[PDB]
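Visitor: The residues making up each chain are set out below.
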Amino acid sequence: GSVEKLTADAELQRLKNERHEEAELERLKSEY
Amino acid sequence: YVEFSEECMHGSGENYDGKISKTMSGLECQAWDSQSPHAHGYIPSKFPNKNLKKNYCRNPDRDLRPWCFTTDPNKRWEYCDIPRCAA
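Residue numbers (PDB author numbering), protein chains in the order written: chain B, 99 to 130; chain A, 1 to 87.
Bound conformation, chain B alone:
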C-alpha cells in the first residue's frame, strides 16, 4: 500500500524501532 502504516503512531513506533535497531547495530559495530 502506502509507505506508512496509515497512522502516525505506527510510523512513530517504526522510526523509533529503527533507531533502536541502529543503537544495537552501532553497539555491535563498535568494538573499540
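Keep in mind that the hints are not guaranteed to be accurate.
In silico BS3-like cross-links for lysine-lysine, where the CA-CA straight-line distance does not exceed 27 Å [stated by the list, open to error]:
no. : chain 1 : residue 1 : chain 2 : residue 2
1   : A       : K50       : A       : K22
2   : A       : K75       : B       : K127
3   : A       : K19       : B       : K127
4   : A       : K75       : A       : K50
5   : A       : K19       : B       : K103
6   : A       : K75       : A       : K53
7   : A       : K50       : B       : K114
8   : B       : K127      : B       : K114
9   : A       : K19       : A       : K54
10  : B       : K127      : A       : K46
11  : A       : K53       : B       : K127
12  : B       : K127      : A       : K22
13  : A       : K75       : A       : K22
14  : B       : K114      : A       : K46
15  : A       : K46       : A       : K19
16  : B       : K114      : A       : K53
17  : B       : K103      : A       : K22
18  : B       : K114      : A       : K22
19  : A       : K19       : A       : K50
20  : A       : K53       : A       : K19
21  : A       : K50       : B       : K103
Residues of chain A placed beyond 10 Å of chain B at every Cβ, according to the derived structure [what the hints assert, rightly or not]:
no. : residue
22  : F4
23  : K22
24  : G26
25  : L27
26  : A31
27  : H40
28  : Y56
29  : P60
30  : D61
31  : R76
32  : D81
33  : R84
Bear in mind the hints are in silico, worked out from the structure with no lab data behind them. Ideal Cβ positions, reconstructed from N, Cα and C, are used throughout, including at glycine.
Got chain B sorted already, so can you dock chain A onto it with the hints?
Guide: Chain A alone, transformed into the frame defined by chain B:
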C-alpha cells in the same frame, strides 16, 4: 503561566517544549526540520502535533526519555538528559 516550561520530564517528556538543543553528552542536536547531517523520517510536517521543532530535545515517538538527533556524523541519535518529574 506556561512561560515556566520546566525542564523536567513530565509524562514521557513529549510535552517538554523546552529549548534545550544539547543532548545528554552535550552534543549539538540536529534540527528536526533538517536532513543534515542525518537524513531522517522525523519530518515536523508528518508529526506536527508532536511539536517537533528546531533542534530541541523532544519526544514524539514516546521513547523512554526525550532525545534528539545528533549533528555528529558518527552518532545518529542521542538521548537528552532531562530531569524527571513525579508526574
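Visitor: State for each hint whether it applies.
Guide: Cross-check of the supplied hints:
no.: 1; hint: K50(A) x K22(A); verdict: 19 Å, holds
no.: 2; hint: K75(A) x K127(B); verdict: 12 Å, holds
no.: 3; hint: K19(A) x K127(B); verdict: 32 Å, violated
no.: 4; hint: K75(A) x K50(A); verdict: 23 Å, holds
no.: 5; hint: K19(A) x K103(B); verdict: 31 Å, violated
no.: 6; hint: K75(A) x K53(A); verdict: 20 Å, holds
no.: 7; hint: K50(A) x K114(B); verdict: 14 Å, holds
no.: 8; hint: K127(B) x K114(B); verdict: 19 Å, holds
no.: 9; hint: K19(A) x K54(A); verdict: 8 Å, holds
no.: 10; hint: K127(B) x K46(A); verdict: 31 Å, violated
no.: 11; hint: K53(A) x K127(B); verdict: 31 Å, violated
no.: 12; hint: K127(B) x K22(A); verdict: 25 Å, holds
no.: 13; hint: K75(A) x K22(A); verdict: 13 Å, holds
no.: 14; hint: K114(B) x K46(A); verdict: 15 Å, holds
no.: 15; hint: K46(A) x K19(A); verdict: 21 Å, holds
no.: 16; hint: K114(B) x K53(A); verdict: 17 Å, holds
no.: 17; hint: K103(B) x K22(A); verdict: 32 Å, violated
no.: 18; hint: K114(B) x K22(A); verdict: 20 Å, holds
no.: 19; hint: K19(A) x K50(A); verdict: 15 Å, holds
no.: 20; hint: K53(A) x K19(A); verdict: 9 Å, holds
no.: 21; hint: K50(A) x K103(B); verdict: 18 Å, holds
no.: 22; hint: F4; verdict: 28 Å, holds
no.: 23; hint: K22; verdict: 19 Å, holds
no.: 24; hint: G26; verdict: 19 Å, holds
no.: 25; hint: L27; verdict: 15 Å, holds
no.: 26; hint: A31; verdict: 16 Å, holds
no.: 27; hint: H40; verdict: 8 Å, violated
no.: 28; hint: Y56; verdict: 17 Å, holds
no.: 29; hint: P60; verdict: 6 Å, violated
no.: 30; hint: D61; verdict: 4 Å, violated
no.: 31; hint: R76; verdict: 5 Å, violated
no.: 32; hint: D81; verdict: 16 Å, holds
no.: 33; hint: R84; verdict: 19 Å, holds
Of the numbered hints stated above, those contradicted by the structure are hints 3, 5, 10, 11, 17, 27, 29, 30, 31, listed in ascending order.
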